[PDB]
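> Here are the chains, one letter per residue:
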Amino acid sequence: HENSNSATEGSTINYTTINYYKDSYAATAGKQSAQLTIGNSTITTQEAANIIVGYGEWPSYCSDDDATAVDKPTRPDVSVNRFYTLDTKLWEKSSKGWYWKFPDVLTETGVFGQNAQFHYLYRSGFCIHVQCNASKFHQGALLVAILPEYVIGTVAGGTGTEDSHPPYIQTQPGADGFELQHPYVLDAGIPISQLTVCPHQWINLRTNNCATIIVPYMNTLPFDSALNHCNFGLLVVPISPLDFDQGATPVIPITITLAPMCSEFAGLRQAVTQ
Amino acid sequence: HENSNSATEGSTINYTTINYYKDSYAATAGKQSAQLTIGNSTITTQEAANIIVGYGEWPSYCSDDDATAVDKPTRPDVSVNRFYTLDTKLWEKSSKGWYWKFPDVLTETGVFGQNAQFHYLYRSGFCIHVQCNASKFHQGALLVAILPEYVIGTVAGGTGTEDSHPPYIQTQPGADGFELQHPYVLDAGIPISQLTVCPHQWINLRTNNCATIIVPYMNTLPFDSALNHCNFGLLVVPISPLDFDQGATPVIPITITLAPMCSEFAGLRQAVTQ
Amino acid sequence: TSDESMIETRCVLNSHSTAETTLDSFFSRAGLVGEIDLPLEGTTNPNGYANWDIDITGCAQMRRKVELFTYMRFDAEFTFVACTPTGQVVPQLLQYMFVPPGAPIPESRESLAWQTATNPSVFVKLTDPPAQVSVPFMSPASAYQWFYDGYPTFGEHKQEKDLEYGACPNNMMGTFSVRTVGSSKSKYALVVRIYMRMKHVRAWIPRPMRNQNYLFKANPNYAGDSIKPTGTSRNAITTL
Amino acid sequence: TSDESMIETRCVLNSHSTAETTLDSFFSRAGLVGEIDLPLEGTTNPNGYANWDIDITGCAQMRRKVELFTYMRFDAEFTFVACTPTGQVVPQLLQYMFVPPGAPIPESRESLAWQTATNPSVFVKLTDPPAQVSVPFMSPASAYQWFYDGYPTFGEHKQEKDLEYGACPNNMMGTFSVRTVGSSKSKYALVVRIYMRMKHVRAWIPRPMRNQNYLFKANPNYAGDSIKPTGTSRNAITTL
Amino acid sequence: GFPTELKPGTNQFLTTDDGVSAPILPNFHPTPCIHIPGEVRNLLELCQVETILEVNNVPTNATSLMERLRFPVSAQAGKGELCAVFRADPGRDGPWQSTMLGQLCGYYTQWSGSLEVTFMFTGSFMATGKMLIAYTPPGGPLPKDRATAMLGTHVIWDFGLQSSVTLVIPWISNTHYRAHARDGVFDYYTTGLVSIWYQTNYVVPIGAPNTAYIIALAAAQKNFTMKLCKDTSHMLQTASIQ
Amino acid sequence: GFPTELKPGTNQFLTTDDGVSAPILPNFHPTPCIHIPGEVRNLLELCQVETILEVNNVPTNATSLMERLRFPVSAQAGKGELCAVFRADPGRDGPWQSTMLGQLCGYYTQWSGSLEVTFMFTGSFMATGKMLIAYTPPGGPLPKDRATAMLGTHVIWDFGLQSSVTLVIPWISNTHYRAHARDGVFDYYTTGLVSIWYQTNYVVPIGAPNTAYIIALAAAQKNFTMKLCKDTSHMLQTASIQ
Amino acid sequence: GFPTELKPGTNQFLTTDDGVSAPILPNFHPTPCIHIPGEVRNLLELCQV
Amino acid sequence: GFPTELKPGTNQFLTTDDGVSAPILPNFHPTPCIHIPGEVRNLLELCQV
Amino acid sequence: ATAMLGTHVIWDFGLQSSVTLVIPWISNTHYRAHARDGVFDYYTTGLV
Ligand SMILES: CCCCCCCCCCCCC/C=C\[C@@H](O)[C@@H](N)CO
Ligand SMILES: CCCCCCCCCCCCC/C=C\[C@@H](O)[C@@H](N)CO
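Protein chains in written order, with the deposited numbering: chain D, 13 to 45, 83 to 323; chain C, 13 to 45, 83 to 323; chain Y, 58 to 297; chain R, 58 to 297; chain L, 1 to 242; chain P, 1 to 242; chain H, 1 to 49; chain Z, 1 to 49; chain U, 147 to 194.
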């Protein structure tokens, strides 16, 4: 008598609702009822205290129930699924924080960058190794965090009247990344104090030198453009500032090492950079 | 509790509807769940690549569930069910296109023409052989198509203010047929680009010289007047223009060969031409 | 033709529904089919009554959807939305008489046809919600006929009655008659907008969707010097 | 971590329900998502019609609740509360047309789009209770996207079209179109307040709840010189 | 009577409300439905019918509107010359508006599924040659070369040997449905481009015409669907119907 | 028709009325829900996630807002010196507004259940020392000494040995739920105080910094609930959204 | 009370609406129908005369 | 919709009408009722004191 | 950033005092005949 067409039809949750129409969406809300290796690459995760799996979900390939694109996607599986090391960011005493957009960091690097450029569609999760070596006499903490759909906001002219939008070097800063001008609101008006509801790991220098967050592919879509859409933003921010006495190593680098996990590329055409 | 009197009662489709009245039409819309010979005549269909059966339906006789007229219809079966060849139309380089109305082409020809004139009621399908011989050095394509209830529109005075209606030589042009003044809108305001949703066949001269569309009787009624009502219009239109080099045969005729299929005539009276 | 006859294909477990492209879901959306002025002054329908020849080809959005098909058999939910020309909801009582063919068409507002002993009438106020009735498939034919290639009558089809061409009397379902229910002239100018929601739709013979401007209700006439293309255009075929 | 890992603990037979912190009970409360002026004079929407780009990020209370999550898939009960600027309930009939993307957006009050042969329209009076409809989850995506880190189109993302950043067309569900149903200009200045009650809510990816003042509907922009703390403050950390 | 409570949707006229209304004729039975040929029960039956794609949507001239239905393959210099170009979006303003698929795509917001474009060579039997018909997935711009375009989905069409090819435009999308790309932010929903390239050349002997024509017949595959049934923009009424 | 009687609630629009409304699209099926990571089905999943507690909510300066997320353990005179103080109320205006627990506590009137505050020492590996983190039950004022504060619920945190302690603030209330204490009569619903005391001292060798920082990460336990879903006061809009 | 929603046909008087109306006489029984000759149950009986 | 007929008591607010009203909080569960001494279930318990 | 495209190991040497770079046998030929700075650089294993 009724189209099974509410928003929770495909979900695993039973709903006792009231309906009077042939559309299930017309119904009531109702109530219910250590060496890591990938590719030709190897990292070390002895001092991280665990590896964070983003939302408890391993980066699987696209489910055939879940995909829409009828073209056979390519899975290069070693040549693109491998640790990619970006250029280092120097953690300083005045380091506000940096972000990296994904897979915008890797659309210009490796066969992953070519597969991102040559294919319209892209799907991968990510093993993100953020490492920061410091001595036992250095101190400071990094919130290494994965903010999905990290839409950058502007200062809006500072006052708030100008409707600015962040430039392409800011929304998609590539493998270099972009600093946080305002890490407290994450350049997005949302507090970094609540950033740990996102997949996060602390680089507390006394405790661990590296953070390994393993991120699944997070989208409303089974695949997307690797060039336009950035599925998430990795945020590496000094919540506790870097401190050391003079004589200790002042150059404290944060190296960002990225494994695309189960990369899947569909819609092959010419190589397009953006 | 309810009259079975909706518009979909006789259909083969089950409907789960909501009703509160004794009329089923008051309910909701709801949701669901090669030599061809006839008569004394023979054509050749070796180069047509198939024969198009209009809407997948062979021209049967009138079903006894489907008929209303209580008089016994005559079925001459050979003398009227036979290939009728009309006068040729010369496909030219500037040929806009022609149409033929049915069975208006054949109300003045043969025993079919006499049975159409002597009977008020008429029912037949049609085997329509449209043939166009051209050499392997000629080129061009014809959309041979069957537009049912091909109501001709006018130019409306050109500007659109005059409420013109097409004359009887234009609505019912007989066996000679009428050219398309505007084949793009089929002299009816409807695009010829979408004419292939109707039963159609291409005479692509490199591929096939003839088109054989077999049309069933299409009406809201089991029988109708052959003189007033034209059940369909055959449209033979040069989508791709006729082209050849000088020296090849410039006279490229389109011969229209028509078999009324399972002709049924009821309501015998005097011979009436219109 | 297929797609792994064409490219390399992955298994797509496709649960994409076709239920919204059915004839019900395409046609069971009420659209404007007629708008009736009942003005105070003027010559349109000045005596507080109006006789609308039932013809859903007067409004082009509904007309183009139905003329996608040649034959359509449907029941129809007819909703009559009455207001003023300003859209005001005034305290006025209307009679909506379905006058079938052969029934006495009302000559005036005080006509004896409005006694409606056998005609279906809706007495509704404008303050009431828009009067809504199911009409059946009422044709003597087995489908309605947006395209009747022919003539109703016999005889010499001369040009002073070429207007009978296309006129299917199996489509002429009568007159929709609206009056203000009173012996005196109504106090408000009224607009009765007629909305038809088809239901239990069966449709035969898909046609080319009309790519010209509709000009007249009874015919498929098009502006001859203003024949527009079916779609938009461009400067060259090699560019966009 | 536990509490008898922490202190001495007594047995508390705790029957405290979590049913009000579900996504239904948090989001199936109708909140203002848009308010449409249909004034008599002015430049706002002066011709008795208005075209509202459907965007629930214009009112900050609803916007902050939905931007708790990145992705939200829901049906929505849309309630349209129409009155005057004084809140008066005047006898005026409105047409609420859902104009989906690609459908003809009404250019005027007498537009042919209002014939609504295929668009969903609500004809309601202001004297009627506030017009209430369930919309489905209508996105081409599997969830709506309050945050789209990226661009809709390809090409050189230069600064004269940086406004495409964040613009998810999987969120652009079309135009809500409201007119007064009339060929004449309406007699009352009207305010159509739109209240959306989400239902059958699924939400993914919890986000930090916006701690700055929202400034624009399409972007997460914040006032740069007026960056307030997430909460209130105090003189010292050792005191209260 | 029975205690009832009117909800907010009371007295509204939703035009898509599938409700029960009062029957005007209490015991009317309709004329019985005879069998009529060509019953459509679903509009996707019309989407799967190949209708003429107006790839040559240049000649707006009323004497030249029939030239829109076909486009000129001619003898070239033997490179990968560009013959024709069209976007693969059925609901877009352009070449697809001539199709029944495209006009029914006017009545729906979102479409999904593979599209077929049948290219019919209408030259002479003696005319021969090869076409590269390349569907470009949405990220790629207009390919400057044929050697840029064969990186996409493409078919090699020997038209002297096979008079009708079918370019199946595969459903290759990020989203499960596409909401009808326009030249704006909805170009997110572009299907991509279809470009026709001379793979060899239009090779013609003496006596056969040096210019031929391709009739493109675009349709939809059986996996095609539409949703969110909307008013159409592909045909606006301008003159009032008298 | 059927004899019905309209009750007083007729024609009202209750915004929390879970009713059936008329569907605008009669046979629309949505885009099928793909699996997306991070599905929340209940807001208490977010309450149990440790978010940074802004115990150092002194620096309102925009250049110093990141100093709010952490607070300075430094080398002391070896007494029970007061390091930091915050009320244990998640819905209160103060340090808990920076938390996801506290911001979701803005959307509910009443909360029940134990709270966790994770204190993360972010000094050097060579930095050592002990903290007394004392949760005071609601009757106790601000403890003047550490020897007043250890009478309450407290943990001894050796931060050189254990870089992260968790002060479980136990649900200790007269009422089964607390309706979000304010500085007024709703201080009846105060959870009490959390005060940080130097249990030994911040002991540092040469070469390691004499000042370190504690990031407090506050959350809720699994026994935590909320009820009476209300509008939030923790974020008021001031500028109109253009 | 019970949550109801008035549809567009509310408060109209369709003259051919076969509805239930309130009985003016609560326990009236009619005069019993005697047999009368010439009962027509269908107007087609008159068409065939 | 379903043919209904409003009776005379429609839209009255009888203060002793034991009716169903719309709940303002869709999934609110109350604080669980602890045992309190001195529960009166009937006022005649007080009359007998 | 050019070198991590090859076979590489990340060696935290303060944490792991001995890493082992396994140079994998990656060759066109089944054996390598000892590359020299000439035409036998065909048999180079590559660079570390
Ligand atoms: C009692 C309240 C009045 C109820 C109104 C009764 C309307 C039912 C009429 C069914 C609609 C079918 C119209 C069919 C063809 C027409 O469009 C032709 N003129 C086209 O050529
Ligand atoms: C027939 C009566 C009219 C019925 C009104 C139809 C409204 C349905 C619309 C579903 C609401 C979802 C909005 C999602 C995102 C938007 O907020 C974006 N702009 C945010 O970026």
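In case anyone wonders, no lab produced these hints; they're calculated from the structure.
Where is the CB? At the ideal position from N, CA and C, for every residue including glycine.
Take the hints with a grain of salt, since some may be wrong.
[Said to hold, decoys possible] Straight-line Cα separation of at most 25 Å, DSS-like style, residue types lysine-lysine; simulated pairs:
hint	chain 1	residue 1	chain 2	residue 2
1	L	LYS130	R	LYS215
2	Y	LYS242	R	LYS242
3	R	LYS274	Y	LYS244
4	Y	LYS242	R	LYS244
5	D	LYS43	P	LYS79
6	L	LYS130	C	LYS185
7	Y	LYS182	Z	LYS7
8	D	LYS145	R	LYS285
9	C	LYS142	Y	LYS285
10	D	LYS142	R	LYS285
11	Y	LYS244	R	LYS244
[Claimed, not checked] Partial selection, computed: residues in chain R whose CB lies under 8 Å from chain L:
hint	residue
12	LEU97
13	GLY99
14	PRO103
15	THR173
16	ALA174
17	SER178
18	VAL179
19	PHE180
20	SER199
21	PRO209
22	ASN227
[What the hints assert, rightly or not] From chain H, some residues computed to sit far from chain P (all C-beta separations above 10 Å):
hint	residue
23	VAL20
24	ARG41
25	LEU44
26	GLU45
27	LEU46
28	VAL49
> Tell me, which hint numbers fail for this structure?
1, 3, 5, 12, 13, 14 and 23
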